[PDB]
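In the block that follows, a single chain appears as structure tokens, in the form deposited without the ligand.
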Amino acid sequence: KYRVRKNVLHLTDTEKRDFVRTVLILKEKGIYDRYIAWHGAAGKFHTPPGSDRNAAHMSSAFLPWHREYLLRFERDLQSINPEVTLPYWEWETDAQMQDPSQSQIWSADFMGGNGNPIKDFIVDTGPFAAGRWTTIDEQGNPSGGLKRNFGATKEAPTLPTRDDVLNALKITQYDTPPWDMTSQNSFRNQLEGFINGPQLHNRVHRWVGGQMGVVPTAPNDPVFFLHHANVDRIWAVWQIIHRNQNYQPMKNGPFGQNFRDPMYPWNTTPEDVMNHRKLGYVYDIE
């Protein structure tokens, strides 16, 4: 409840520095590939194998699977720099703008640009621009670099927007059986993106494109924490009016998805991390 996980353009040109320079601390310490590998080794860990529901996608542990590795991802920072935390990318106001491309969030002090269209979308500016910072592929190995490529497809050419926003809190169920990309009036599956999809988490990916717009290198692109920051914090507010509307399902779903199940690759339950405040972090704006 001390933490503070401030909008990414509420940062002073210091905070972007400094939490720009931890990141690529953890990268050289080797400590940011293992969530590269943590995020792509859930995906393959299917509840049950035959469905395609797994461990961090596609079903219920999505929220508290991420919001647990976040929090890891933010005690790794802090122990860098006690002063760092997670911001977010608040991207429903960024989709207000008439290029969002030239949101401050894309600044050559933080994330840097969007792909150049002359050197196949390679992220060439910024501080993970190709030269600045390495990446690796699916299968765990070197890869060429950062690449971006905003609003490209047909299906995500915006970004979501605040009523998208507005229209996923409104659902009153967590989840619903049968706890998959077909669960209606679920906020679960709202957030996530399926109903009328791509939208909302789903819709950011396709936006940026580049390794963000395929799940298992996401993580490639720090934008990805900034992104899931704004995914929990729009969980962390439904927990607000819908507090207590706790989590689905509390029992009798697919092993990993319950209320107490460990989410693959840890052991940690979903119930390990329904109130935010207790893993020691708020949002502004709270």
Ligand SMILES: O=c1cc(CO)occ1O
Contents of the next structure:
Number of protein chains: 2
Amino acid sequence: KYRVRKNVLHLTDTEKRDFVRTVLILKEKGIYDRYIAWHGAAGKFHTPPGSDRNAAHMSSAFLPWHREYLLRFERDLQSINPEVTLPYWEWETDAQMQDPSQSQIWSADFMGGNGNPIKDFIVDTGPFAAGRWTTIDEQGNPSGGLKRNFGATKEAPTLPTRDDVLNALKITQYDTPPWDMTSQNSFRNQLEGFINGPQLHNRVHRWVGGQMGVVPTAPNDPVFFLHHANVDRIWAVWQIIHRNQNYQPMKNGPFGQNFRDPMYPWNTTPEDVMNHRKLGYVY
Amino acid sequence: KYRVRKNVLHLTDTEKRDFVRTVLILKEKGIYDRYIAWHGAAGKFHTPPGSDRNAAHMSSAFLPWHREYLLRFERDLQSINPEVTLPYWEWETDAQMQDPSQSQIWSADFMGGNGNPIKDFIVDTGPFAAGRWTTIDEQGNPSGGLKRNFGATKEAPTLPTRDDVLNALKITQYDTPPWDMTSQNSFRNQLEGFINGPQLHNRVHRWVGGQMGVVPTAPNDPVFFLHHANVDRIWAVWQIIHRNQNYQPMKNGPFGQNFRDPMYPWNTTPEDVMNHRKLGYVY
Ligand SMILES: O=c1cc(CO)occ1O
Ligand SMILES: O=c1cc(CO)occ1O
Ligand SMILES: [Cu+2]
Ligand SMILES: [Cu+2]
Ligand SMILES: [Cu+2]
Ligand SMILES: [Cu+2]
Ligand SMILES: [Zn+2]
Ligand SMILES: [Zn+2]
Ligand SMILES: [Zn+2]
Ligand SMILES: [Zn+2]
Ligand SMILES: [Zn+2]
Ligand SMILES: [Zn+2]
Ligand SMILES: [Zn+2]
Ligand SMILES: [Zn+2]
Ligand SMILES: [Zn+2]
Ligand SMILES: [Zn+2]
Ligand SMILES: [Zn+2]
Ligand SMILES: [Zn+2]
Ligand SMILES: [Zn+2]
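Requested next: the structure of the form solved in complex with the ligand (the form deposited without the ligand having been shown above).
After this comes the whole thing, all chains and molecules, with the earlier chain placed first.
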């Protein structure tokens, strides 16, 4: 219970500089690519085969999978600079702004801004603009540059709201069968964003656009980790709120979705990451 | 140095009936799929991006990657039945037969035979015939059944020979820059099969045909593990023959291909698996 993950808006001008700095090093070393690849692989790993569920999304493992993912990422950051932890982007507050694209998270010294229309939506500002940050496509081949198109889609013109988060925290079940996109009264499916989709998690992805808008390339954008840090935080909150509800399914769910099954591409299980405090961090 | 890995031809009927039994259980539990997925993911993970190299092939990590792969596979088998270890298919010997398709490895009680032309070359005999063993395509979706077409291609009508193996063992360097398909005088590139390709390792894949003939689906066929057990054995032999030769490169090679880099999709390094015997097994 020592690493503290902070709200992006609470970070020092130097804490942000170091976070960005460390992400570039991870990228330069070739470590960052392993994360893009891991997420892409998991997204194509259906549980079971032919199904709509995959190791990292559209099922119960969605939350514990990304928590493990973030922990790994944070440990690598820690290996470069032990002062650096994973911050979270509290999008539900940014949603209140007149124009969310003006949030400090998109400043040139931190994530950079929206995509450039005259450039096809090719982020040209910030530390990860094309020319300073390589991207890979779904095939694993270089792609030419990060793209973003804030709220351009008709389905997700706006970021999720505080109300949306609060209502989700009200659900009593972690998840419910058939443990997939159609699950009802499921905190997991709700937070993920499938109830009246796209909502919450899925909605942020859709709102950002660019690589963030699709599963196979999403992690190409560093904000992916800031997004999922908030999703993880929301889950940690839900866990304290319903301290007597536990992960589901415990058994008889698809292999890879049960409480003690390994989560492809790793051997770690949901049980292994149920208590974030045990993982060494708090929000 | 305790688990003993045997020549398929030295296995009793019971040892074979047990190996097959255990592979089916692994399959039924959903573990077997994790291996298909791991190999497919590694094959699409280029080091570096845009390059021709991958995490499991066409570069220095080819040998230590598959050794780790088999070790993990063997441990899972061991978890099901502690008396079952990974056998090896000594194709060099089978190459001497008038008709290699008559080798006991393809018996109906073990790997099953060649594909059925009428069926489009679907394997209809043995424990893994279509109907008894599911497969998946490159996309992770069910594919309908294992296929094999022994020596059907013009490039690999025959299995590699003893001479081919012996000549490879004479190579003095583990590998040589640029640590890829074009490497010359390298044991790794030679054994892999790129010198006057397709030879040795690549040749067996090509000879078997079906899913075994292509990178993204090759593990779908259980013989994949018997093949790679022999390739691993050949490397173990090379290691004793050149007691004073070590893995290459140790540094300044592409991330993931260096002596102490993690090998996607895992964190294990070539150093971690250099001594097979410290892994708990011998041939
Ligand atoms: O719920 C949804 C989420 C997303 C985001 O990728 O896209 C479409 C949806 O319907
Ligand atoms: O050298 C080769 C190796 C392989 C194996 O996949 O296929 C074709 C080749 O020419
Ligand atoms: Cu995702
Ligand atoms: Cu996501
Ligand atoms: Cu192979
Ligand atoms: Cu292969
Ligand atoms: Zn704070
Ligand atoms: Zn898919
Ligand atoms: Zn909130
Ligand atoms: Zn409750
Ligand atoms: Zn907490
Ligand atoms: Zn023997
Ligand atoms: Zn017999
Ligand atoms: Zn037999
Ligand atoms: Zn031999
Ligand atoms: Zn000869
Ligand atoms: Zn040995
Ligand atoms: Zn020598
Ligand atoms: Zn290991």
